[PDB]
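Only one chain is given next, in structure tokens, and it is the form solved without the ligand.
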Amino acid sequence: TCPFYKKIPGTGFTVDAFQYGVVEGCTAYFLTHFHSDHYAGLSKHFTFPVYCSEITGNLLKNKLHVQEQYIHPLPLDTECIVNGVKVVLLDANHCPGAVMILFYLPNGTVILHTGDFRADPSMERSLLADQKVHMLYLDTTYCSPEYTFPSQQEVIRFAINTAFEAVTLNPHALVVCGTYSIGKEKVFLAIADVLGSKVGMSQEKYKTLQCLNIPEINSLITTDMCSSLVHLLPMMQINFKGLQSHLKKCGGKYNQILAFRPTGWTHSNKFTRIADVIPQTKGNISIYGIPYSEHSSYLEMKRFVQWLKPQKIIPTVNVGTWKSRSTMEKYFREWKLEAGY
């Protein structure tokens, strides 16, 4: 049974609610982005209308084989009428195709659902700026002050410099990058670009990347592993055993691997600066954990909400424990008292 925080009151609409069978009274299913916890339940046999971004729509058609007649893509930043209700999709600064949704209820209530997002000051000059929002359904993944991490730019600067240094010292080093979903493609694209290489990967992963409307992508990726010195592998293979084994397969083309694991937050963020990150090393294999986040830090979240001044906040993440729920409610009250809404 669908939880309340996936339902939009005064509408026939649900958000990210495909794993509960037929939801009673749902005339339109919204999908914010193509991550498995959110799409869980969709397949080629799904027969209700789905509303989503153009990029999410390409992934549904090609990867899950949802039939075209049930896929309803909408443009960003554009007022649209769905089942007699005005909606806008806004960029969520998460993974490709991820959106926030504005719902203009027939009784005058305005509702923002962030999906998953990384709040940014640029959102303060989207179509959000033009009217009041009464309720906010908020991605609260990292809603606690211990969650700090650098900007995406700083992390990408660290990665490029690390990779370029290593491969200039040893032209026979291979760079490997882990992945398990869409997102964070800048990591491996930036590295391949500084090295003058294409990124090599499986056919399944090539196919996924072909769905994402990325400019000049045919210039950046390939299924020919032999011609590439940046390889993508499943995240589970990013460990000493997995990498040794992969190095065997390259035919003595390479004698060293440098591997990256983009995580989100990890506790070494409470002590160490990005500049000071060091890898774990076993022989000719080195492995870096890098804190590349596609979710808000605590401070980015707080700033967005204090700018938005919502009347009510409904968390969509960490909702399962009384301790999490009590923690979150305390921060929302702090923010309110400090900003005076």
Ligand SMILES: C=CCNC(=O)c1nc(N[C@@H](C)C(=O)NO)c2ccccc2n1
Given for the second form:
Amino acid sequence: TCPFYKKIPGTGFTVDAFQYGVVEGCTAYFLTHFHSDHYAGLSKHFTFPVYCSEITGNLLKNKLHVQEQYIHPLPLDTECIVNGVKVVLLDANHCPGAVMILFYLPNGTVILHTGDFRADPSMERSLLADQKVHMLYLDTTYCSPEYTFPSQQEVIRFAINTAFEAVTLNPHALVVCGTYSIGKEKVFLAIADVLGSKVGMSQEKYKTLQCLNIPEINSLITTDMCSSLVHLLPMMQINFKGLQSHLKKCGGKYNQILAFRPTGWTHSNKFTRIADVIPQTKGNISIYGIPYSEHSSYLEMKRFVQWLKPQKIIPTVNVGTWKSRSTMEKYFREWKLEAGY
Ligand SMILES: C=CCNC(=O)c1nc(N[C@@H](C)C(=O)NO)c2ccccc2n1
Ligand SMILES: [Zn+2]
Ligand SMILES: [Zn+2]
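Taking the form solved without the ligand as the starting point, write out the structure of the form solved in complex with the ligand.
Below, the chain from earlier opens the complete complex, with every other chain and molecule after it.
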């Protein structure tokens, strides 16, 4: 059934709860962002109100074919009333259209649901600065101190420099970026921009990017593969076998592939700083795993929570084992004692 951390107490609201059938007493279903583990269950047959960002709403309409009458997009940073409850959507710094939701409950309690987020100091200057938060539903994906990775900007700097050098040294090299969902678009957009090329992709991926309100997107992306020297492929094809096969389809136009696998955190990232990252190479194909994260590092998560000073924290990730739940509560306790709330 629907887990407790997906229900907002004192309301008829659920968050990211689309795979449990009709949730008893739910009058509005919130969707934090368009990632399959969150929209799972939504389809053209859904007949309840869905509240979300404009971008998420574009994807619901065009990709899942949810009926327009059930899509309720809300602007960011704006007090809105939904079923008699004041709510605000805030940028989650996750993927395009991803939001955190602030609920102002009728009894005076204030709840922040982060959805998925990458905590950032800029969030300390949103509407969050203005009032106390009694409950925090926290994206705890990387809630352990071993989860370190660089900033997104540092990872992009590495990717741009690596691609620019390779193509400047060999104008016949092809750059390939793997993708499986929305998010992490900056990897391929920044590489294509430095190389003066558009990004070539399948019709399905092109359709998805057309829903993202990305400025000047028609100048950046294309389905014309051969006119482009940065190609997007499904993540599962970013291996030597899949890349060798892709190189044949190009028709003697390229003699080298440099490929990027933007992963999340990897244990290798503790040893090797972003500047020391080296690829796996087989012949004329090199594959760079790069730690581009759209979730908070441990340090980013700790800073955000210690600033927010919530009275109670409900984790939404890694909640499956006694060990994982215990470890997270121990960190919350440490953060609270250190900061004094
Ligand atoms: C290792 C931690 C990172 N996060 C997940 O474990 C995760 N991420 C997903 N997609 C990403 C894009 C996302 O951010 N979604 O919200 C999944 C999609 C389908 C099934 C399981 C999924 N697990
Ligand atoms: Zn996500
Ligand atoms: Zn997720």
